[PDB]
Amino acid sequence: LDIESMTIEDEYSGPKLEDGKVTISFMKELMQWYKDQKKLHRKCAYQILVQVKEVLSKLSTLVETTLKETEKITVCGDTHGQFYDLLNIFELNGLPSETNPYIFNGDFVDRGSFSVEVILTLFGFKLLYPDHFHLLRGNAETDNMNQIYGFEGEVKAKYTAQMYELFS
Amino acid sequence: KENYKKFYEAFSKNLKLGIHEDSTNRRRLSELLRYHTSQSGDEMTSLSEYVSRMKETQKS
Ligand SMILES: [Mn+2]
Ligand SMILES: [Mn+2]
Numbered sequence: 165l166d167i168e169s170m171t172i173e174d175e176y177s178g179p180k181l182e183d184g185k186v187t188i189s190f191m192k193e194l195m196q197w198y199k200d201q202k203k204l205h206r207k208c209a210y211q212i213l214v215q216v217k218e219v220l221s222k223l224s225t226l227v228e229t230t231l232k233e234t235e236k237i238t239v240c241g242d243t244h245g246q247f248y249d250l251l252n253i254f255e256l257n258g259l260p261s262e263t264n265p266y267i268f269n270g271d272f273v274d275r276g277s278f279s280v281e282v283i284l285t286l287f288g289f290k291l292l293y294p295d296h297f298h299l300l301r302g303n304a305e306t307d308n309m310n311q312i313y314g315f316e317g318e319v320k321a322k323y324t325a326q327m328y329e330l331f332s
Numbered sequence: 423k424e425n426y427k428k429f430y431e432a433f434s435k436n437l438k439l440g441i442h443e444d445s446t447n448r449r450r451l452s453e454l455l456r457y458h459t460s461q462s463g464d465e466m467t468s469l470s471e472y473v474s475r476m477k478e479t480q481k482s
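Protein chains in written order, with the deposited numbering: chain E, 165 to 332; chain A, 423 to 482.
Honestly, the hints are just simulated from the structure, not real lab data. We put the CB at the ideal spot given by N, CA and C, even for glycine. Don't take each hint at face value.
[Unchecked claim] Listed below are the simulated DSS-like cross-link pairs for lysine-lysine, each with C-alpha atoms no more than 25 Å apart in a straight line:
#, chain 1, residue 1, chain 2, residue 2
1, E, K217, E, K320
2, A, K428, A, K438
3, A, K423, E, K207
4, A, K428, E, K202
5, E, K322, E, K236
6, A, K427, A, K438
7, A, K477, E, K207
8, E, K322, E, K192
9, E, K207, A, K438
10, E, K203, A, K428
11, E, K207, E, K236
12, E, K322, A, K477
13, E, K320, E, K222
14, A, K423, E, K322
15, E, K236, E, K203
16, A, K477, E, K199
17, A, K477, E, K320
18, E, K207, A, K427
19, E, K203, A, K427
20, A, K438, A, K423
21, E, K320, A, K435
22, E, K320, A, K438
23, E, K322, A, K481
24, A, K438, E, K192
25, A, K435, E, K322
26, E, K180, E, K202
27, E, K192, E, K217
28, A, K477, E, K202
29, A, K435, E, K207
30, A, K427, E, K202
[What the hints assert, rightly or not] For the chain A half of the interface with chain E, some residues (derived, Cβ under 10 Å), not all of them:
#, residue
31, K423
32, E424
33, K427
34, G463
35, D464
36, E465
37, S470
38, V473
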């Protein structure tokens, strides 16, 4: 919060992020220069991540839900983070878009080069689609998983170490 | 710079020793120095970059 409120830099050539509840058009933009393989600016990556954290820290201490009748399940099991896999699930189904229940029940953050990027967009979608978008712990999302498959150091190169501490 | 931070993380101490020992190189060796500062957040900025943000009234 302090780092963002200090605005060390504010915005970047790719993203245009809002203060909170980033538009679906900007979530789309963010995905389509993950095709281009660009990154968020550190302040704006923190800005979404602290807001995501706050929302997740308020949300029910463990989740039980009555699912509604006409709505169609999309599930991912493990999807060890890859940008083509994100494109390919947007072939497999339409957009989650508060329109279909979208459960990400997987290892996502590990064993693929694009793995912080997968959670960066999926966390955005969870802020914008809260009620029937549910993102469940893999085992491989846990702390030590990132040491054994290097993600801890892969983030540390991509961004300074505090980013990886926030993701942990 | 994406590699420079790996080099500086490994060999920063040697680089400081140069500033201590080489009276001839040190003026040019300092420019390779990186530090945290209050306004540099969790990133290290060069001493020359520090001046770029220096206030009009600072002498130091
Ligand atoms: Mn797995
Ligand atoms: Mn697993």
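So, going through the hints one by one against the coordinates:
For the hint pairing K217(E) with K320(E), the CA-to-CA distance comes to about 20 Å; that is within 25 Å, so the pair holds. Between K428(A) and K438(A) the alpha-carbon distance is near 16 Å, which keeps this suggested pair within the 25 Å criterion. Of the supplied pair hints, the one linking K423(A) and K207(E) holds, its CA atoms being roughly 19 Å apart against a limit of 25 Å. Of the supplied pair hints, the one linking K428(A) and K202(E) holds, its CA atoms being roughly 21 Å apart against a limit of 25 Å.
For the suggested pair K322(E) and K236(E), the alpha carbons sit about 37 Å apart, so the restraint of at most 25 Å is broken. For a cut-off of 25 Å, the pair hint linking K427(A) to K438(A) stands: about 15 Å separates their Cα positions. The hinted pair formed by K477(A) and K207(E) meets the criterion: a straight-line CA distance of about 23 Å does not exceed 25 Å. Straight-line distance between C-alpha atoms of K322(E) and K192(E) comes to about 22 Å, which keeps the hinted pair within the 25 Å bound.
Restraint check for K207(E) and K438(A): not satisfied, since their Cα atoms lie roughly 31 Å apart, outside the 25 Å limit. A distance of roughly 20 Å separates the Cα atoms of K203(E) and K428(A); the hinted pair therefore holds under the 25 Å criterion. Only pairs whose Cα atoms come within 25 Å are accepted, and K207(E) paired with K236(E) is rejected, the gap being roughly 36 Å. At roughly 31 Å between alpha-carbon atoms, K322(E) and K477(A) are farther apart than 25 Å, so this suggested pair is violated.
Taken as a hint, the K320(E) and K222(E) pair is broken in the structure, with Cα atoms around 28 Å apart against an allowance of 25 Å. At most 25 Å may separate the alpha-carbon atoms for a hinted pair to count; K423(A) and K322(E) meet this at roughly 12 Å. Among the hinted pairs, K236(E) with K203(E) is inconsistent with the structure: their alpha-carbon atoms are about 32 Å apart, more than 25 Å. A hinted pair counts as satisfied when its Cα atoms are at most 25 Å apart, and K477(A) with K199(E) does not qualify at roughly 41 Å.
In summary, the hint linking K477(A) to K320(E) is not supported, as the alpha carbons are separated by about 32 Å, beyond the 25 Å threshold. Between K207(E) and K427(A) the alpha-carbon distance is near 20 Å, which keeps this suggested pair within the 25 Å criterion. Between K203(E) and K427(A) the CA atoms are separated by roughly 18 Å; this keeps the pair inside 25 Å, and the hint holds. Proximity of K438(A) to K423(A) is assessed by CA-CA distance (about 19 Å); at most 25 Å being required, the pair is judged to hold.
For the hint linking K320(E) to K435(A), the alpha-carbon distance of about 21 Å falls within 25 Å, and the restraint holds. Among the hinted pairs, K320(E) with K438(A) is consistent with the structure: their alpha-carbon atoms are about 24 Å apart, no more than 25 Å. Restraint check for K322(E) and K481(A): the C-alpha separation of about 36 Å exceeds 25 Å, so the hint is violated. For the given pair, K438(A) sits about 47 Å from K192(E) by alpha-carbon distance, which is inconsistent with the 25 Å threshold.
Among the hinted pairs, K435(A) with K322(E) is consistent with the structure: their alpha-carbon atoms are about 24 Å apart, no more than 25 Å. Among the hinted pairs, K180(E) with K202(E) is consistent with the structure: their alpha-carbon atoms are about 13 Å apart, no more than 25 Å. Distance check on the hinted pair: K192(E) and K217(E) sit about 21 Å apart at the alpha-carbon level, within 25 Å; holds. Proposed proximity of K477(A) and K202(E) is contradicted: the alpha carbons are some 33 Å apart, above 25 Å.
Pair hint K435(A) plus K207(E) does not hold up; C-alpha atoms about 30 Å apart against a cutoff of 25 Å. As the CA atoms of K427(A) and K202(E) are separated by approximately 20 Å, the hinted pair is consistent with the 25 Å bound. Nearest Cβ of chain E to the Cβ of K423(A): about 12 Å, over the 10 Å cut. The hint is violated. At about 8 Å, the closest approach between the beta carbon of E424(A) and any beta carbon in chain E falls short of 10 Å, and the interface hint on this residue holds.
Checking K427(A) against chain E by beta carbon gives a least distance of about 9 Å; that is within 10 Å, so the hint holds. With its C-beta approaching chain E no nearer than about 5 Å, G463(A) sits inside the 10 Å limit, and its interface hint holds. Among the interface hints, the one on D464(A) holds; its C-beta lies about 5 Å from the nearest C-beta in chain E, closer than the 10 Å criterion. Among the interface hints, the one on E465(A) holds; its C-beta lies about 6 Å from the nearest C-beta in chain E, closer than the 10 Å criterion.
A least Cβ separation of about 18 Å between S470(A) and chain E goes past the 10 Å threshold, and the interface hint is therefore violated. Proximity of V473(A) to chain E is violated relative to the hint, the smallest CB-CB distance being about 17 Å (cut-off 10 Å).
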